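**Student:** The whole structure should be built from the sequences, with the hints applied where relevant.
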Amino acid sequence: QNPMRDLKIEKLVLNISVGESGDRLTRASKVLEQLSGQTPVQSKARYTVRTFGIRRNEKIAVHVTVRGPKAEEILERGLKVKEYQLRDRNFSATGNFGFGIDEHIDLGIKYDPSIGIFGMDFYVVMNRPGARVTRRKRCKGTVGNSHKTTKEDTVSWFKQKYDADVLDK
Amino acid sequence: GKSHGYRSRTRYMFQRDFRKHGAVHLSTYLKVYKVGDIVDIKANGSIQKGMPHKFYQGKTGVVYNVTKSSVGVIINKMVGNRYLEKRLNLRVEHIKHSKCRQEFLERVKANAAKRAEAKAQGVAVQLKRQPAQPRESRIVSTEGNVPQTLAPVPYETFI
Amino acid sequence: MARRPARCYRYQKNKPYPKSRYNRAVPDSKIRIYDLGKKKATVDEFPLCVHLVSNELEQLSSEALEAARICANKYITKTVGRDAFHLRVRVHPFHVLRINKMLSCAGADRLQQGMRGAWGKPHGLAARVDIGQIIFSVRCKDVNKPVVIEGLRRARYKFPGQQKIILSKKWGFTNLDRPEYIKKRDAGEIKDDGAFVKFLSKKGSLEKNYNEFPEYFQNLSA
Amino acid sequence: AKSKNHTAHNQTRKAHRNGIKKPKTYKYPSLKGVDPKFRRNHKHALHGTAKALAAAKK
Amino acid sequence: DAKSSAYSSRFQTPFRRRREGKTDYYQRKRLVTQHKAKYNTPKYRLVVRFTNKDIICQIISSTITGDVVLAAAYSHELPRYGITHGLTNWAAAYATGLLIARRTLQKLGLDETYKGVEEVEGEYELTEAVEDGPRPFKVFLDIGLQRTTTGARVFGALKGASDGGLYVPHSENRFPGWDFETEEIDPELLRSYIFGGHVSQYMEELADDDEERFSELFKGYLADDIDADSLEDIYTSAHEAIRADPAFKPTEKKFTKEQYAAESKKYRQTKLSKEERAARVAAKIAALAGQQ
RNA sequence: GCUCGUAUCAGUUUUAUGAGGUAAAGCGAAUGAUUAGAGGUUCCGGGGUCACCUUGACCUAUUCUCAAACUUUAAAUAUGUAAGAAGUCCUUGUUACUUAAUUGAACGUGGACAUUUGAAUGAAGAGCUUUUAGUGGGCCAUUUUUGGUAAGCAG
RNA sequence: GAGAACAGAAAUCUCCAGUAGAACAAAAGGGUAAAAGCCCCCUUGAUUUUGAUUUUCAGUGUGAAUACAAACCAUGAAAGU
RNA sequence: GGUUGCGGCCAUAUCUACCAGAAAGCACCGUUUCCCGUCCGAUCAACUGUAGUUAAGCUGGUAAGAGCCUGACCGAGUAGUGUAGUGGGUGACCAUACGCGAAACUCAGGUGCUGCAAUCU
Numbered sequence: 001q002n003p004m005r006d007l008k009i010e011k012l013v014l015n016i017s018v019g020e021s022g023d024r025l026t027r028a029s030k031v032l033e034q035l036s037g038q039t040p041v042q043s044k045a046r047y048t049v050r051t052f053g054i055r056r057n058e059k060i061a062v063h064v065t066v067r068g069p070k071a072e073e074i075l076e077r078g079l080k081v082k083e084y085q086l087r088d089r090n091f092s093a094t095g096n097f098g099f100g101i102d103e104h105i106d107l108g109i110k111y112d113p114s115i116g117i118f119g120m121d122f123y124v125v126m127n128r129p130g131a132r133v134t135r136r137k138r139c140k141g142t143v144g145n146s147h148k149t150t151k152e153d154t155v156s157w158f159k160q161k162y163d164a165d166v167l168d169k
Numbered sequence: 001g002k003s004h005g006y007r008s009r010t011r012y013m014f015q016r017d018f019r020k021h022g023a024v025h026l027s028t029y030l031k032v033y034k035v036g037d038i039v040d041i042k043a044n045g046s047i048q049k050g051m052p053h054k055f056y057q058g059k060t061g062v063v064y065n066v067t068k069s070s071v072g073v074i075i076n077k078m079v080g081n082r083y084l085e086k087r088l089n090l091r092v093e094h095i096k097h098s099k100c101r102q103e104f105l106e107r108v109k110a111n112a113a114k115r116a117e118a119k120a121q122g123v124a125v126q127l128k129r130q131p132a133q134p135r136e137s138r139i140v141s142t143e144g145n146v147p148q149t150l151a152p153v154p155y156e157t158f159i
Numbered sequence: 001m002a003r004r005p006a007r008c009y010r011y012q013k014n015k016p017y018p019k020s021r022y023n024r025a026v027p028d029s030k031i032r033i034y035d036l037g038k039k040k041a042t043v044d045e046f047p048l049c050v051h052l053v054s055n056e057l058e059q060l061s062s063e064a065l066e067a068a069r070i071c072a073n074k075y076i077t078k079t080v081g082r083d084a085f086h087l088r089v090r091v092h093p094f095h096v097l098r099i100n101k102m103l104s105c106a107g108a109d110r111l112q113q114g115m116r117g118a119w120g121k122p123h124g125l126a127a128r129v130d131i132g133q134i135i136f137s138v139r140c141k142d143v144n145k146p147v148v149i150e151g152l153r154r155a156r157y158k159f160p161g162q163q164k165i166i167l168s169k170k171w172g173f174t175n176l177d178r179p180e181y182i183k184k185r186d187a188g189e190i191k192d193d194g195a196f197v198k199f200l201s202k203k204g205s206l207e208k209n210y211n212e213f214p215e216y217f218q219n220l221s222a
Numbered sequence: 001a002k003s004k005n006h007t008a009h010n011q012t013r014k015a016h017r018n019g020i021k022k023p024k025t026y027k028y029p030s031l032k033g034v035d036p037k038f039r040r041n042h043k044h045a046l047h048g049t050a051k052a053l054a055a056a057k058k
Numbered sequence: 001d002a003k004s005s006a007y008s009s010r011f012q013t014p015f016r017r018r019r020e021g022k023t024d025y026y027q028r029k030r031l032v033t034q035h036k037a038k039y040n041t042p043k044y045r046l047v048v049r050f051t052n053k054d055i056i057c058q059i060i061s062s063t064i065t066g067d068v069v070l071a072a073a074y075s076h077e078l079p080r081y082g083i084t085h086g087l088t089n090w091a092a093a094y095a096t097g098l099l100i101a102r103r104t105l106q107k108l109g110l111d112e113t114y115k116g117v118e119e120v121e122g123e124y125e126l127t128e129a130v131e132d133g134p135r136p137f138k139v140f141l142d143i144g145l146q147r148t149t150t151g152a153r154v155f156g157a158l159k160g161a162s163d164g165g166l167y168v169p170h171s172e173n174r175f176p177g178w179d180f181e182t183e184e185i186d187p188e189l190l191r192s193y194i195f196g197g198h199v200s201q202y203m204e205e206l207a208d209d210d211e212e213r214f215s216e217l218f219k220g221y222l223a224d225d226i227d228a229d230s231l232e233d234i235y236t237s238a239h240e241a242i243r244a245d246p247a248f249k250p251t252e253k254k255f256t257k258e259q260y261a262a263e264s265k266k267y268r269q270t271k272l273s274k275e276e277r278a279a280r281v282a283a284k285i286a287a288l289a290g291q292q
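Protein chains in written order, with this note's numbering: chain A, 1 to 169; chain B, 1 to 159; chain C, 1 to 222; chain D, 1 to 58; chain E, 1 to 292.
Please keep in mind that the hints were generated in silico from the structure rather than gathered at the bench.
Don't take each hint at face value.
Some residues of chain C that are not near chain B, with every Cβ distance over 10 Å (derived) [stated by the list, open to error]: (1) 12; (2) 111; (3) 211.
Computed from the model, here is a short list of chain A residues facing chain E with C-beta under 7 Å [what the hints assert, rightly or not]: (4) 137; (5) 138; (6) 139; (7) 140.
For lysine-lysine, the following BS3-like pairs were computed, each having C-alpha atoms within a straight-line distance of at most 30 Å [as the list claims (entries may be wrong)]: (8) 274/E / 203/C; (9) 3/E / 203/C; (10) 42/B / 22/D; (11) 59/B / 86/B; (12) 37/D / 49/B; (13) 29/E / 34/B; (14) 99/B / 21/D; (15) 158/C / 141/C; (16) 27/D / 59/B; (17) 38/E / 96/B; (18) 59/B / 32/D; (19) 140/A / 20/B; (20) 29/E / 96/B; (21) 4/D / 77/B; (22) 43/E / 31/B; (23) 31/B / 37/D; (24) 148/A / 53/E; (25) 43/E / 140/A; (26) 137/A / 20/B; (27) 110/A / 59/A; (28) 151/A / 3/E; (29) 109/B / 27/D; (30) 198/C / 274/E; (31) 42/B / 43/E.
Even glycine gets a Cβ: it sits at the ideal position worked out from N, Cα and C.
**Tutor:** If you want it as structure tokens, here you go:
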């Protein structure tokens, strides 16, 4: 039909939320470094809540974005514990999806002291080639309705790749 | 505490008219102003440096000074019992040409052109403008337009 | 503290002074129900529409609306039944009236400063009313015309000024005259909307029009 | 005690009794408030043309 | 979704070229504005745009009805002057700035003076005025949307114009190899960039390393069997060729404009009139009412 | 009094060109309020069948009424400028200004500009200065309008 | 609005829509969307000399503001500010 | 005539859905040694027009399309208003005379034109 209209992974964002600031953040930073091979950024607190122990501007989370073949490798090793199967939910209206895990330190690499055990959050941003047309500075436009991504297109791509299946529930 | 600020009673004067907010079109800058050109002040509230006073909205005056990014205009002011010559230093965003002059200019050229022709053939080309003279006589035919009879409509409630 | 006579506030002397972010301590309007009778009633059933029309320019207190609303409803429902009419109050009391309270006790000059600071505190609500507008609109069946006349002529006594009852040529609460409305209703042009009707427009998406008014198009092909 | 604080009554009648006359504009207006760069360039231009006209009339 | 009618009514669209995103008006607003005491004098913009596969450079002065162009110089015509492949590279960007600088100077009649630099040793040297002569032509670099960045090709053409006898103000800040610890530019490193040193060094590295990518990329250079050392030669030969004849020889223009219109119109979608619109709805209304 | 003698003028109209945001109009235009419904929900509560009768709002298409401190639009009257010899047109001279320039700007030199010297009407003389008196408690009337219930009330 | 372990109406991330319904130190109004908002980078022009002008106005002051000149700087790649 | 770059008027140009796109252009598209910039070559920067694509952008077309624009003897000379009266009305307001004169509604049409330069079956 059309070769390049096929979907591809754009970016995975590897999200983690930490209540406080301290050594937990430091080990949270470095576990993501040994996770992705690139340093993460400390997403900074936005407001005060008085119930989550949050003042404004206290850097209460860690995330990192992975793209390219390293993204293909890192989602595979992340979805293996997910078992290449996933709930019929979790798929956004744009077809992006995500889910959470409970540990990474000894999931794929050897565990070492003074790092703790952290659950965290995956989120995959998947869009077909041509995404620059809505991100470039000059001649910025949109993406046509056909070029958009939907649930059925994404879940179908989820099938043919990894031979995965949805709706394990 | 009565207020007489530099922008008082100016909620609507410095508005940006509907669907024309934002930046200003660039023909405002590319317009050329020479000293002596009659111009009329219209304050574009988008640009805040060098705004005119509220009294100067819609006033018209000649240009006596042209500066780096502004022109200087001479306005006549209603004060007491005599006019005073006011000098304003206004950004070009707040000023535009007065189209009254160009109509005088084009009429003069046509008036000059008629004078050149009346010099050669047909002198006394009636140079001066004549306002709407009273209608001259005419014949209004009835052919196919017989005067239909009209009567006032009876009053009814419409409600 | 008791209410003043209405002739104090009859004329439209002041500019509209509605409840707003600048006018916060406004008392609630006494009138609260504006549609009465079988209000969930369709349009075809009540062809007759009669209006209580003001011929004068004044202020009608919110309470006077409520009084006439009660008396007009009570009489008509007792005569022709609750479900035989739909009475609708047209005007809404948004103008806030102001009162300057004067102490009526002996020695009041000491505790009160006359009109130093005479800005009256909000006193009540009224509807500013003009010439030829509609105050009440009652739609009903042609049968029960005289009852609504008496109902609407028994409400005028509770309103200041000189009102008039005039029956309308418009079909109920529509803007269309009776023959013009029936032309559309005969030609499937009209869809009931609970208390009013939507008219098919010759402008807009033809798909939506066909979905909303299939009967008109079917009659076109017959 | 209390007195009429302000009024514009009779002001326009006063203003027009002697009339509001235009400022009687003059040829060669006041060369003031102009751009200084223009002004004392204009000085030298007027100097130069004066010498030229003076030599033209000899 | 569900764009409301009130939103459509109240939506003030930006200027057409802002809607397309091609023009940054806030920046043009201060380029094309001119010192009001310079009433009629145009303010020329040296506009450079890096579309894919071509470089667009032109000199533009604003009028009331629209921008007028003195003379333009693109990279499509560079094969005439000897630059064949990689018409988008940094070295070509320098050359096309040189070409337009030569072109405009000869169109204005100021070719004989302000030769810029005949020998390009890559040092920051503006084109100053000569003693008692016409001033150097002053044009202003309107890069447009693309970000200012050290070593960007947009400032490659900047160096091209300023080395072409055309006075465009600038600082050595954005030229490639601009050190931060010290404010010295590297003449050797620029001269490499002028002649493709950042390209020829990738020629030889890949050629020394492998042949797969070296044969995939740079295919036209392999077709002419030209080595990296010849890249400097061809760029020089272009420079003196540009300095020899910048007179803007156009193309041959076969199948001329009326014919160009003729073929386009056949494959050009037309617009219906009221009669077609009346007919189309009548057929559609009948179809939807035809026992549906 | 002075300088001059039909004007560089005008509490005016017309032509043209603007300026405003009141009246009115508007809420199936934004904002704030508003009466009536009609049709459609995620497990971000069904409170009872856990999807089965019972509702938990919002969105859509309408509908009624509004607004001094809301408004798309938008008057009337009032208001600014112009309606020429201090102008128009042509030529080439100055500048330390400006331009890439012998490019422009400003000031000009010379030369052509009566049926009407460039809209109407009028001008009663026009313009300018000096000096000084009194006054600096106001009040009424149509219209507009604020506070007040209103006032031969106050503003 | 759609979603995503812990995480729920609300802690962080991503997408779509989003004419401004936010922010702009502080009253209200005006004004601003590749910005006047947010984040980052660099700086002191919040400097000197005086004058001219606008508002209040007696065309006085004070305050505030506008546009320039001569500098000298800042910033930018520059126009420019 | 199409396309590009720079624009003018700044929606008759916008917005929602679908359709078509010969040639050329544009664009997506490919690779990080260099400059450069990021959590990430996604943006930016560089290198190649080569490996491909019209899917998208873009252009145009379609919609009794929303919107927007113009006009109407459409509403309506209506609301409103200037002037006048020893007009009416207790008043509220209204009528009339001489003038100016809308807005909403209704209907009709339309849905970019163009400047400079270059390029293209």
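**Student:** Work down the list of hints and note, for each, if the structure agrees.
**Tutor:** Right, here's what the structure says about each hint:
1. 12: 22 Å, holds
2. 111: 28 Å, holds
3. 211: The assertion about residue 211/C holds, with a minimum of 33 Å to chain B.
4. 137: For residue 137/A, the interface hint holds, since the closest Cβ of chain E sits about 5 Å away, which is under 7 Å.
5. 138: Holds, because the Cβ-Cβ distance from residue 138/A to chain E comes to roughly 4 Å (cut-off 7 Å).
6. 139: 5 Å, holds
7. 140: It holds, given that the least Cβ distance between residue 140/A and chain E is near 4 Å, below 7 Å.
8. 274/E / 203/C: This hinted pair holds, its Cα atoms lying about 15 Å apart.
9. 3/E / 203/C: 19 Å, holds
10. 42/B / 22/D: 23 Å, holds
11. 59/B / 86/B: Roughly 11 Å between the alpha carbons, so the hint for residue 59/B and residue 86/B holds.
12. 37/D / 49/B: 22 Å, holds
13. 29/E / 34/B: 21 Å, holds
14. 99/B / 21/D: 26 Å, holds
15. 158/C / 141/C: 25 Å, holds
16. 27/D / 59/B: Satisfied, since the Cα-Cα distance of roughly 22 Å is no more than 30 Å.
17. 38/E / 96/B: Distance ~18 Å between residue 38/E and residue 96/B Cα, so the pair holds.
18. 59/B / 32/D: With a Cα-Cα distance of about 22 Å, the restraint between residue 59/B and residue 32/D holds, given a limit of 30 Å.
19. 140/A / 20/B: 23 Å, holds
20. 29/E / 96/B: Holds, at about 17 Å.
21. 4/D / 77/B: Roughly 28 Å between the alpha carbons, so the hint for residue 4/D and residue 77/B holds.
22. 43/E / 31/B: Holds, at about 13 Å.
23. 31/B / 37/D: 22 Å, holds
24. 148/A / 53/E: 28 Å, holds
25. 43/E / 140/A: Cα-Cα ~28 Å, so holds.
26. 137/A / 20/B: 25 Å, holds
27. 110/A / 59/A: Given that 30 Å is the threshold and the Cα spacing comes to 28 Å, the pair holds.
28. 151/A / 3/E: Given that 30 Å is the threshold and the Cα spacing comes to 23 Å, the pair holds.
29. 109/B / 27/D: Within the cut-off at roughly 24 Å; holds.
30. 198/C / 274/E: 28 Å, holds
31. 42/B / 43/E: Distance of about 26 Å is within 30 Å: holds.
Violation of the numbered hints given earlier is absent; every hint is satisfied by the structure.
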